[PDB]
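Take a look at this single chain in structure tokens; it is the form deposited in one PDB entry.
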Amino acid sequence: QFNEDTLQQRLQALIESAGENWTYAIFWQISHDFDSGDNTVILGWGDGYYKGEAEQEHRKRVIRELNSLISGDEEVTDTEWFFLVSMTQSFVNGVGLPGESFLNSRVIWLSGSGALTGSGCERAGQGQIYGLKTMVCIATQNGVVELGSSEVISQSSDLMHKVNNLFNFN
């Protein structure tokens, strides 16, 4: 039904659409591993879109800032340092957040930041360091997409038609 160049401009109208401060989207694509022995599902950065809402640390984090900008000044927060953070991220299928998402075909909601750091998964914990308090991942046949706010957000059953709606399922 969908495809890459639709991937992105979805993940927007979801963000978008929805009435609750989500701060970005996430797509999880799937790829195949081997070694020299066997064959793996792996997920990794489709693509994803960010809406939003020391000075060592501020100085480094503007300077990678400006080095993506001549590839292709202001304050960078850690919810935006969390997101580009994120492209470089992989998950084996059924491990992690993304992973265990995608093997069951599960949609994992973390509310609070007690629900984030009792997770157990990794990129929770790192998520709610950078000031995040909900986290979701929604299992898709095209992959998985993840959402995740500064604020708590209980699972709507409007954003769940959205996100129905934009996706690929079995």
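Numbering follows the first chain given and starts at 1. Here, rigid core means the biggest group of C-alpha atoms that superpose within 1.5 Å across both forms. What changes on going to the form deposited in another entry:
Annotation: the position in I129, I30, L103, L66 displaced by at least 2 Å at CA between these two forms, with the core superposed, corresponds to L66.
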Second form
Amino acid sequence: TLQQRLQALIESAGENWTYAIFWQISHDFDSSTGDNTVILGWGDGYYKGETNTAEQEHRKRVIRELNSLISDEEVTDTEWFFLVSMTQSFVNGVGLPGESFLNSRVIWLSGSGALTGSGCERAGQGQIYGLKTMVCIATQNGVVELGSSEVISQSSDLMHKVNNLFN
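The form deposited in one PDB entry done, now the form deposited in another entry:
If you are looking for partners or other molecules, they are not here, because only the chain is given.
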């Protein structure tokens, strides 16, 4: 399923992508505007990879709580950015993922300049937490997002793979 195809995408990718996220469409009925508003949210994700005391104690606590649920290394900023991304949703058109979907286009921010210089808060935070490259690629039922601590430039070879692995 989705996680499998997310791992597939970056375990064959041309360059070194740190993670991959599928933002998934849904519809909630706002009775005020009468609009069946389209929203992007966490569908699935795959992290591949490569602070201070108050920070690391906070993160380690969260990790063992999830471990308690499912079932002590330090938590890198990229692992942590990946995880906190589960909390985020995007109304159609809004934010890096929502712009990509609404306009059916690829948005490629390459280099730390691009990320902070974009004015997208998600890209900015991404730079803060070690990312150098952020890409959103719209598919049929959502958006595939790739991130990397390295700097990667627009390969059609990537957009090729994504088109294949998703309808």
